[PDB]
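Take a look at this one chain, the form deposited in one PDB entry, written out in structure tokens.
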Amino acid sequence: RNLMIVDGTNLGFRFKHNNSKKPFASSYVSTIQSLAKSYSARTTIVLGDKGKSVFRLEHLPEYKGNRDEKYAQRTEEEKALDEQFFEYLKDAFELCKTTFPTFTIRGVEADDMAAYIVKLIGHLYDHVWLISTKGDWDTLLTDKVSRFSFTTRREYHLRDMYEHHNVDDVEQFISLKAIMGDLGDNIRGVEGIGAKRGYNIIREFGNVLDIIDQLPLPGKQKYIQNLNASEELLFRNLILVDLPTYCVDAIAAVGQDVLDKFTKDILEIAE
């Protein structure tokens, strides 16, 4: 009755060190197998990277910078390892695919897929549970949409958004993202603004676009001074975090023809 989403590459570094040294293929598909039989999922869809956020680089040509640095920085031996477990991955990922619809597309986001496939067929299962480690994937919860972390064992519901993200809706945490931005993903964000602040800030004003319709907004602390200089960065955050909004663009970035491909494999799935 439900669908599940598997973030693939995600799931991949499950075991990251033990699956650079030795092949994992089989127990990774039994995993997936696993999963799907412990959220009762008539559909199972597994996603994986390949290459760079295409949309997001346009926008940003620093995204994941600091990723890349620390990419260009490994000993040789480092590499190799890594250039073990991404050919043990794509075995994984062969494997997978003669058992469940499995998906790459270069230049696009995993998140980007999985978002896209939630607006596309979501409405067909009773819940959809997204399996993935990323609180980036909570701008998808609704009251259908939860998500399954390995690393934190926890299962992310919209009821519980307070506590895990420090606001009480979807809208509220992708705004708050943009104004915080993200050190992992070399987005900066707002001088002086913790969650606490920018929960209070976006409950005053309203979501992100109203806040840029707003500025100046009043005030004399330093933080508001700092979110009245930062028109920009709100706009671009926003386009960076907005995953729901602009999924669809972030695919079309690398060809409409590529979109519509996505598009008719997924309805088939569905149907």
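Residue numbers count along the first chain shown, from 1. Heads up, when I say rigid core I mean the largest set of C-alphas that superpose within 1.5 Å between the two forms. What changes on going to the form deposited in another entry:
- Here the two forms are overlaid on the core, and between these two forms the C-alpha of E83 is the only one among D143, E163, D126, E83 to shift by 2 Å or more.
- If you fit the rigid core between these two forms, you'll see the Cα of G194 move by 2 angstroms or more.
- With the core held fixed between these two forms, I239 has its Cα displaced by under 2 Å.
- A displacement of 2 angstroms or greater separates the C-alpha positions of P218 between these two forms, with the rigid core held in common.
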Contents of the next structure:
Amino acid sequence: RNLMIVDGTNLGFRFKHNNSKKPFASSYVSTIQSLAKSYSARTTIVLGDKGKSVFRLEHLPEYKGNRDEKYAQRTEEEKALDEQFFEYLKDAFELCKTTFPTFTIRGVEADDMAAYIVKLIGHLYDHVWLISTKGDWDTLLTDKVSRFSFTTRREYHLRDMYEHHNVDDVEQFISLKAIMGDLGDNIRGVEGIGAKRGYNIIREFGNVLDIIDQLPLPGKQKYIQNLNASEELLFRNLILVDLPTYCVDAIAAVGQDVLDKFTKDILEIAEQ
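How about the form deposited in another entry, since we already have the form deposited in one PDB entry?
Keep in mind that what follows is only the chain, not its partners or any molecules around it.
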């Protein structure tokens, strides 16, 4: 049987409907049960958000800094819908704690908890299934670890790394995200370098650490000039996007005792 790890806040938006009125807390938990059955899960762990990553904030103070601006500029109707939706999501998450191992850690993102759980107990299961729409969770794909997205309704396997993210493997995916950044997370990338130029540069010169050694790179294009002045940006971004490497550091950032407790809690779940 399998392990299933749910990105719970991410999953909540499956029930955001501008037209619908009623609570979804019971239907939220039933959906997780249904997913558990679809992915043959003997163990399901649900993860929630609880603040911006203290780790990522320490390396990039503007991490998700667009949030408070984006939420301030919502219309009257959007604010009213959101306040209902988020009240309902809180109740859904409460009700979920009755039934499944359900984790928040203050100042730690679900991403880091998921990455750590996979490495900690994933080998005790036949397969691990990740329930998230978030594409950078594919930094955790292996032959034994896959992802399902409710928005796209797609399954994502390691063999399909290229078809999805236009890269060969996890390391290339990490290198490309570090170069490109992520506007949604307010992580600046190298100006003028997107997916096409980024992949072309990675395939020629290698992964981000190799590219930094060779700086300045040759070429007279404006985006290469921007790349050659971006050493500090590239190192910083690598720490922000390399989920497998820094997941434990991200949990430890909020306290050694928090890491200790979470480690024990996860190992106890696997024994049940």
